[PDB]
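In the form deposited in one PDB entry, a lone chain appears below as structure tokens.
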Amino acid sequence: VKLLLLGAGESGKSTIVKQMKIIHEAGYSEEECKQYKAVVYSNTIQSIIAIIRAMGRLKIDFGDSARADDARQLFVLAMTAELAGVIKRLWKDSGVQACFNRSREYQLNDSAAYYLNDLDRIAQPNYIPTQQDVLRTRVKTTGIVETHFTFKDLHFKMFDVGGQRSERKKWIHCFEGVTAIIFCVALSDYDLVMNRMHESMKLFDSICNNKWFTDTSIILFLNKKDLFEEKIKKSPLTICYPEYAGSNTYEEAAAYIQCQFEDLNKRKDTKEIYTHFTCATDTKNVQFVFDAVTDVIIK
């Protein structure tokens, strides 16, 4: 089975690959996880830094003037107890939280809160990254990535394709013999200050309606539903779709987004879209959903 994994940067592609390794390949040993410690620290550090810099641009004051010195020390110091102390105090400040709650106005790693709220565990001298920690890490994937695994008597060749440029010849060998395509969308991108969600729709449009995928299973992964459910409570879908007239419940908003993407299909009577709502970092959910995707390939 030749599987193509597509979607805008940060939609979750590499995380799903990690899930395949965890679910059908032997997972991440404790020593493999140890290798991600640097990335976890790096992600944590760049996250808190991004929030502080944003405070300057957005003109947000600290809740406690004392933090000013910690902010200053943060930049100088960048996981020593010294740096951890500076991060814990900054993360705790109401002013910093105020800026964090306005992340939709700048660039901030999805996992920012995940790591910052777990600093104590992360900062420990003998800290050993857990699988969830690894899944949460953000590292830009440049170039096509491939992973192999057997499941239900099928040999899967999964290709994680990013947004790099290449010769038409390489793309041809890439898109040929494709049994199925999984397009990933970051649901939580809907309110990010054209629209990021619309960029994504444009991408899906070209995949869904292309004649050469007429016999290829088109699968839509509406990802980051967990971040989406949290954001929808305070940030209205209208920010993304100004004509939307429904309620701001997770269920309605999600159904709507799904409908917007499926509507792009110009051959509803001929081609079927297989939509799933996922939490790429939740291996139990990815397993369930992938099992379902595998069945559709069998059938």
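Numbering follows the first chain given and starts at 1. Throughout, rigid core stands for the largest set of C-alpha atoms superposing within 1.5 Å between the two forms. Compared with the form deposited in another entry:
No residue in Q124, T150, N209, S166 other than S166 shows a CA shift of 2 angstroms or more between the two forms after fitting the rigid core.
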Contents of the next structure:
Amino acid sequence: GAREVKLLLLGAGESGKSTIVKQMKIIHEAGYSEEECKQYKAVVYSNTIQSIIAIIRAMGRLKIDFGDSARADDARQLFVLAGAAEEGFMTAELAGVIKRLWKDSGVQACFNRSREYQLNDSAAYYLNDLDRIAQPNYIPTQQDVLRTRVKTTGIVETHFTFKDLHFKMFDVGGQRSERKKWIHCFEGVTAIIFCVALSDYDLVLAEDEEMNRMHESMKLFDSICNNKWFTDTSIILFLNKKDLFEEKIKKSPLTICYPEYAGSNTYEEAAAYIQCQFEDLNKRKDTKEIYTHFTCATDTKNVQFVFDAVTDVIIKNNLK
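Okay, that was the form deposited in one PDB entry. Show me the form deposited in another entry next.
Partners and other molecules have been left off, which leaves just the chain.
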């Protein structure tokens, strides 16, 4: 008989929860048609602008000057043009201002210090493709739509059949949900897919945080993991953003996030170390098992593959 498989996505903002959801529609659903991709132009541009602005704002706080002082006019002009360009379209004027700002060594200098502030991980993706994106005959591709960033009004979800199972994937995130909603989200869970942004290991801590992003995520995992209520619940761990991690580990040591770390600075050892920090949180290595996968939420191929395995674990953890 058909089983309802209630999947709950958990994890800090930016961990990739929303992105896994979209991957499900592309893989186990229809995906996005052209009539529907065209629909995202407005957001693709909205996001592109918000990104260059996030960086421009960062230059102020961090006091990083433009490689060329002319850019100050562009920056000031960025905010006017932006707040004046009908959504969905981008003029040859705005495209220029952005291209010049993104090209500035001062701005690139600030971009390289994104660890000191909060820059979404789509800024690079879009700012580089300005050539394509800016052209007026532009049609967002699937990967373009996958990288977008929209509204989490309430709770996001998707229904899809895979290996004859009725998958219901849930994802809250930002939407303050009370013990009400929460208890109601947990009740019925078949598997919790906990997302972690590996690349967050080098983030400078905020003025409010006692511990860093990683350890805050570690803390939450700990609870979800060792909570008797989720005993029979399959606990999949997605150590996401491995591409950014690999790119980063090169320049920024893991000792930033785990001062005691003494291994080498290879994607391999650093990654293995983080996999242990999370899995050692498990208080019943005998009782429960953690299903860890290093992934790249934005990679449809890898996600399809990884979700293929998660299902096997679900298909049989149901002791059958």
